[PDB]
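Spelled out, the chains give:
Number of protein chains: 2
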Amino acid sequence: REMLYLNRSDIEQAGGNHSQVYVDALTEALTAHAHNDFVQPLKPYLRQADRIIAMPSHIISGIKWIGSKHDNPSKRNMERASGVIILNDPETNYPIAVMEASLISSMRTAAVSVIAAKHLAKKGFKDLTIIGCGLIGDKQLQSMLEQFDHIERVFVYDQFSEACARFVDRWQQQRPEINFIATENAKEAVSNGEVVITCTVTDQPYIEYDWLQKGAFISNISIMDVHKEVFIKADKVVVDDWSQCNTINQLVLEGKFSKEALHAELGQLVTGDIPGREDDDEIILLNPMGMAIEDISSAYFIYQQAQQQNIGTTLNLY
Amino acid sequence: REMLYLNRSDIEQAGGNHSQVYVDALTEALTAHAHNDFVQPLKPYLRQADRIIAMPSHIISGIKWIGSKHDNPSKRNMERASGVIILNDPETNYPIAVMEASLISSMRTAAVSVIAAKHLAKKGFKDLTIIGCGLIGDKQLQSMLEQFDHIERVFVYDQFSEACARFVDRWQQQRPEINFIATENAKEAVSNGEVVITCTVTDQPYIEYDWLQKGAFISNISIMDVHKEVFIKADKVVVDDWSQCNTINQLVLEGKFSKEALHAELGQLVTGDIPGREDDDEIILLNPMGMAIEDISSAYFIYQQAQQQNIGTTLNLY
Ligand SMILES: NC(=O)c1ccc[n+]([C@@H]2O[C@H](COP(=O)([O-])OP(=O)([O-])OC[C@H]3O[C@@H](n4cnc5c(N)[nH+]cnc54)[C@H](O)[C@@H]3O)[C@@H](O)[C@H]2O)c1
Ligand SMILES: NC(=O)c1ccc[n+]([C@@H]2O[C@H](COP(=O)([O-])OP(=O)([O-])OC[C@H]3O[C@@H](n4cnc5c(N)[nH+]cnc54)[C@H](O)[C@@H]3O)[C@@H](O)[C@H]2O)c1
Ligand SMILES: O=C(O)CCC(=O)C(=O)O
Ligand SMILES: O=C(O)CCC(=O)C(=O)O
Numbered sequence: 001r002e003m004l005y006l007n008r009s010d011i012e013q014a015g016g017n018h019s020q021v022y023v024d025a026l027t028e029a030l031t032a033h034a035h036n037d038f039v040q041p042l043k044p045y046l047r048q049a050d051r052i053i054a055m056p057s058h059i060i061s062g063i064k065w066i067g068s069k070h071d072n073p074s075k076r077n078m079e080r081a082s083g084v085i086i087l088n089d090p091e092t093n094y095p096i097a098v099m100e101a102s103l104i105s106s107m108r109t110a111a112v113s114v115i116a117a118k119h120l121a122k123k124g125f126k127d128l129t130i131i132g133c134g135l136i137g138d139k140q141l142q143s144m145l146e147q148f149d150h151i152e153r154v155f156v157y158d159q160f161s162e163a164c165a166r167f168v169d170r171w172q173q174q175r176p177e178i179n180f181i182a183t184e185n186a187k188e189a190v191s192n193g194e195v196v197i198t199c200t201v202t203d204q205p206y207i208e209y210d211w212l213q214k215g216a217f218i219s220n221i222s223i224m225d226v227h228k229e230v231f232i233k234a235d236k237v238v239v240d241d242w243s244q245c246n247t248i249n250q251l252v253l254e255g256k257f258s259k260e261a262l263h264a265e266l267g268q269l270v271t272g273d274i275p276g277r278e279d280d281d282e283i284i285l286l287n288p289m290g291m292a293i294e295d296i297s298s299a300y301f302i303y304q305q306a307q308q309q310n311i312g313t314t315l316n317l318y
Numbered sequence: 001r002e003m004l005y006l007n008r009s010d011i012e013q014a015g016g017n018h019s020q021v022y023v024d025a026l027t028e029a030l031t032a033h034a035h036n037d038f039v040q041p042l043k044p045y046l047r048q049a050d051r052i053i054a055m056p057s058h059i060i061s062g063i064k065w066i067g068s069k070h071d072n073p074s075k076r077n078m079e080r081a082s083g084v085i086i087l088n089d090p091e092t093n094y095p096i097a098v099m100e101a102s103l104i105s106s107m108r109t110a111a112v113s114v115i116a117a118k119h120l121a122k123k124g125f126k127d128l129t130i131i132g133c134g135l136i137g138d139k140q141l142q143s144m145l146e147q148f149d150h151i152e153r154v155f156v157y158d159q160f161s162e163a164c165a166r167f168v169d170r171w172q173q174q175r176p177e178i179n180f181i182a183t184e185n186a187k188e189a190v191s192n193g194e195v196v197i198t199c200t201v202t203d204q205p206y207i208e209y210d211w212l213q214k215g216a217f218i219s220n221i222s223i224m225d226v227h228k229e230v231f232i233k234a235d236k237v238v239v240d241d242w243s244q245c246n247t248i249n250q251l252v253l254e255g256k257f258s259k260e261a262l263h264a265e266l267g268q269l270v271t272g273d274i275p276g277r278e279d280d281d282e283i284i285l286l287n288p289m290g291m292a293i294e295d296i297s298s299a300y301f302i303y304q305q306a307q308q309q310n311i312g313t314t315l316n317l318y
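Same order as they appear, the protein sequences are chains A and B. Under the numbering used here, the residues of the first sequence are numbered 1 to 318, in order. Under the numbering used here, the residues of the second sequence are numbered 1 to 318, in order.
Each hint should be verified, as a subset may be incorrect.
No distinction is drawn between identical chains; accordingly, a pair holds when it is met within one copy or between any pair of copies.
[What the hints assert, rightly or not] Subject to a maximum C-alpha distance of 20 Å in a straight line, what follows is the list of computed SDA-like cross-link-like pairs (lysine to any residue):
#1 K75 - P90
#2 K122 - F231
#3 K256 - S68
#4 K123 - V252
Please keep in mind that the hints were generated in silico from the structure rather than gathered at the bench.
Looking at chain A on its own, in the form it has when it is part of the complex:
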């Protein structure tokens, strides 16, 4: 009969503006993923970059209906990403919540890098690199700083020079004790990063393998940024879901990659079925496609926190 509506402001008020709830949710989500206690159908892409993608899954059940188009910050002064998340009571399959998706999507994706870095980043890394200063990049940086205490330098690059400058400026004001560096190109930023996170909207790869320091960990969030050579030269390659990944497909289609060469799925690192980083020289690549269970678990946790604090707008269905 009733559904709770939670806009971005309600989500922020409920605690969705901090990484810890997303870390807990994904730790739960990825654990269930490693034990196959999920139902995650292949996402259909609705295309007229420019796309709308339905991400349904069961762990709670639900779906993320997130739209995107590149023209947005450029032409219409709107965020690229936008959409809604529906939560369903598995006992009933009736919808129980309608929630804004973009903030949750960005924070959970930031939590992916956090959990992965916990297992894959080198010990006592100090230099963090952020490529792309959009909503994703901002949340990636926010979450890393909240979860890792001794991040000392942050290298930032964005194709948009003003977007990068504005990004660096306000973050330098938020954390005056941390040295934020605005780089002239991607190479400088990547070269100086012990942990590298890609948060761009490109189709063509640019990150070369020799840019990466020994012992570096790269969280390839935006996926397309990384050259094929990194997949074959990295000491360890980690994905979220192998079946989902099949850029890797063509490497498998060609005589260049396979599941046997894959180190682990992210859920296996969490459960401790497979070790993470095993020495300080290893270059490790994370290639997450994003999973619907990550959004549903996150939204569900936030939904509960909102209800406990009586946050949100109650809607009637009939």
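For this one, chain A is given, so just place chain B with the ligands on it according to the hints.
Positioned in the frame of chain A, the structure of chain B with the ligands alone reads:
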């Protein structure tokens, strides 16, 4: 920034409680379907009958997220079907509406039978048969009576004897000039129907070919009711989307059916690319899987009608 929320009551107030708006919407939708001016990805089923199914499509863009489970009227006194429809501005892919789905879903499905019967039912048919007295069956009957003036008898069967009796009683009160007949079994109901509509929730087929009158048209809405023999013995077999249909797949997988044997897709009848019924003896079977474009077009039309009358709850996204 803003979305319009339309619950079932708002949808009814906006005019979504009558067939004509759905007929117009699907006529537009099916016309676009016949010219391939759509993007309709294969629906993923989320299964823990018991299912939740994501139906995204572009014509307007959007998705129907409709949940179902059989236990509902039986155990928890709730409707089997429930869910939401999201509408998206293709220029922006931003969501512009959140709408209740079950009423729209049932009415558009009722419109499918209407439009098909317009092309496939015999001239001056008087006897209508409804198998299944759920929300679907009620809307099927309502729409047929609104769209066809001289329906004289309505044969009704349901496994639930009380649900059928209650169905027949109140409909007999709504239309005292029409003779509603409560049958003891499916065979009597089907045997006496010039137009037969299946609206049940079964897994096993029961409708035999020899039950069907010469010149009869069967709208197999609930799909599973019809024996394989009807597909191969019917003079004309019509579907909504052939690629979607692949019960037909196994017939194709076996040496029993193919696309060449298929008469037409429903959109082709609407555009007049392919003739409908061509004589009074032909037994014609419609096997619609349901298409997302049918829901999105319907919801969009209703969305506009609601806005013109200022109906609904305005929600903020941020
Ligand atoms: N893997 C996942 O699970 C996941 C989840 C959510 C989003 N994403 C991705 O995150 C990416 C960025 O999202 P967003 O920040 O919100 O979009 P955005 O707000 O448009 O930010 C993109 C920014 O990247 C900048 N950029 C830097 N280098 C390049 C380059 N070489 N080419 C093009 N642009 C460049 C660009 O200037 C722009 O400001 C998208 O590509 C999404 O696909 C991934
Ligand atoms: N083809 C489409 O596009 C489309 C769209 C929407 C719904 N549907 C189908 O419509 C069907 C019915 O929906 P609903 O009426 O809302 O559900 P419902 O409200 O549960 O009604 C089902 C009724 O069918 C009755 N019934 C009669 N004969 C049988 C039988 N042999 N086995 C089982 N039940 C029987 C049963 O008693 C029950 O009352 C579902 O199976 C849906 O899949 C199809
Ligand atoms: O923001 C987007 O473009 C959608 C990304 C996403 O949901 C995913 O695929 O993980
Ligand atoms: O009510 C249901 O079970 C969903 C039916 C539906 O949306 C379809 O497949 O056409």
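Okay, the hints, checked on the actual structure:
{"no.": "1", "hint": "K75 - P90", "result": "between (41 Å within a copy, 15 Å between copies)"}
{"no.": "2", "hint": "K122 - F231", "result": "within (19 Å within a copy, 63 Å between copies)"}
{"no.": "3", "hint": "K256 - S68", "result": "neither (32 Å within a copy, 44 Å between copies)"}
{"no.": "4", "hint": "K123 - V252", "result": "neither (32 Å within a copy, 59 Å between copies)"}
Figure legend: structure checked against the earlier numbered hints; hints not met, in rising order: 3, 4.
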